[PDB]
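Below sits a lone chain in structure tokens, taken as the form deposited without the named molecule.
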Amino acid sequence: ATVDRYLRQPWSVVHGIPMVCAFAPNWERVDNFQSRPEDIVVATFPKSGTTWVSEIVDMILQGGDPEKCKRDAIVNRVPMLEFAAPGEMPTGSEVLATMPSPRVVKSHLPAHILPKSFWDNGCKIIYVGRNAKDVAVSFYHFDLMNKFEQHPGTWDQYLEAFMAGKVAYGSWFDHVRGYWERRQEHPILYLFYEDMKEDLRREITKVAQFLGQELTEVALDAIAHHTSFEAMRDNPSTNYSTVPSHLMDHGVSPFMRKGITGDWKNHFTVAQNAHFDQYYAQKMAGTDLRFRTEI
């Protein structure tokens, strides 16, 4: 009721970055967020594998036992730093204040507005990047179903906004390059969604090592089995089916939508693809960061 006036509103702006309308009021709760050195941040541009990696991390911290990951939904096990639903739920920052170390913190904030406390405390950041074409498709369908978002209109107009960095959380180009460069002065494990599709066990192993956790072969296989797309799609703890329909209309588009690399080929027109490829090449010249659009 009270949150309704924030839903389906145009983006607000915080520190020059487009922001979900409901999340933007009382930004100081974010700017002044009190982190701990043991915090683990799962940071992504939206729709790049946040939930996937969050479940992997929580599974690793539970020793590979899926029962401890079924006791609550992932939205509560891994709170989103900047989440807010004024008048209906506590903010993510308030929920995190009460959680025991090691806290797992999800965020989509670009590196330059991630709260300074994280950088000062050297907090381990696991960043996940995904190729921009698949991200755009996933984010468009997410905005169709998620009522916190401004309505995206048609796909062609959404794609123009995406390429120009007008969507919530800003420019994908700036986001992925910012955390790629920031690893110079901070402990960051920079993962690729496409690598995880190619060889999930290889990436789980890298996450475990970054976190200092040793996995038996049995625990590694258990985590890989429980973090397949099919498993996470059918798991009520990870598939977001417990979110009220007035916030996420799962009938419009499910959260666990397709889970592949290359769905952009089913949405980009021949013209859109050529135009996107030409712009992307200009915007990504001068970084060594590279993404795969097919595996």
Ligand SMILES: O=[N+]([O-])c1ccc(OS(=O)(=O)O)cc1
Second form
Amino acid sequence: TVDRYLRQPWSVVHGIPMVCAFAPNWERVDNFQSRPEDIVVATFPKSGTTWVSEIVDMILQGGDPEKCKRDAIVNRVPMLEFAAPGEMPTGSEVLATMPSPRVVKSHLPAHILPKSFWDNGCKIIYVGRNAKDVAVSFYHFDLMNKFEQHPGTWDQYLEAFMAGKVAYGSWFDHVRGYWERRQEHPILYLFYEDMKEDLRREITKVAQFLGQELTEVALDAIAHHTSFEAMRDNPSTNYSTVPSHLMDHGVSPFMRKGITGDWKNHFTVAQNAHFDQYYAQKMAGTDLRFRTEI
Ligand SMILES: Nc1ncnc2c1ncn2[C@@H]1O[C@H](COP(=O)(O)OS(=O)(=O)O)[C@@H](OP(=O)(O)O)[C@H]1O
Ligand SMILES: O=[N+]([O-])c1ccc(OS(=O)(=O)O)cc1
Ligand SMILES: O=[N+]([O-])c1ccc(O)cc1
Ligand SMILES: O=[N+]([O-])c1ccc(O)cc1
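What would you give as the form deposited with the named molecule bound, now that the form deposited without the named molecule is on the page?
In what comes next, the whole complex appears, and the chain from above leads the way.
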């Protein structure tokens, strides 16, 4: 029943390209009923959502890794806009029956994140990642994830990415929207590259934002269990439990490489020069900055 939605071109919701299966019945998102205690993990796709979601869940579980092995991360931190009509309950439905504090994953740009989150002051942990690594990660994700329109060749996908035609729209607008919105809302704005550089330093910031005090032993336990190698090999986080019909893990694993700088292996000399020139144009006039190497 979900098959007719898979591998279809993007729909559009409020002007933003959307995964085809997610777009029907968008009222369930516009009218989502949030709670003041909800913690939103918001990201442009492929920017560290799963990484930060696991950190948050481990903090809320007191640093106990066994409690995070209870279920897969797709169920522990439901995506707000997820839907697979006819095969699974929507993410919004699953969230309705989840005890506070809920951890809510989403890729929606700030201006179409449901109004209830803004009205309830919900804590948002935002993660940004440099756009070149994001583009590489999202291309390979679209090769393996059958919810996505097929991406074609890398060069054509990159053009679509730069133009903001991909699911969830323009990366530039996404990262700058949440950077600006912190002026009116409690947002912790994290960088994937910072997390590669010093993971404990970023876990500590997440714990403080959540009001949670970590012993040194719990901090080391969280850092040890949220390394790329740990989450790649952990069935609860590596998405290997997703049916192969939805995610072909042999095309490209979800936990694919986990580095900063893989863009140097995929961007041609010409693509890189052109991207850098466009990026400088699009990022002029913001103080927000990303690192492409650490
Ligand atoms: N612990 C840890 N350390 C380092 N890197 C990590 C980690 N967990 C996930 N990743 C990498 O993040 C990419 C997945 O991003 P998301 O989780 O945002 O994907 S999604 O939007 O939720 O589908 C994807 O990046 P790439 O490997 O570059 O494709 C994952 O490998
Ligand atoms: O993709 N980025 O995030 C990106 C690209 C270029 C850039 O600066 S440059 O000096 O390498 O052009 C910084 C960040
Ligand atoms: O996080 N996710 O599972 C995703 C992310 C992007 C996308 O286009 C579809 C699903
Ligand atoms: O939980 N799931 O089955 C999923 C979740 C996200 C996704 O992109 C594809 C499948």
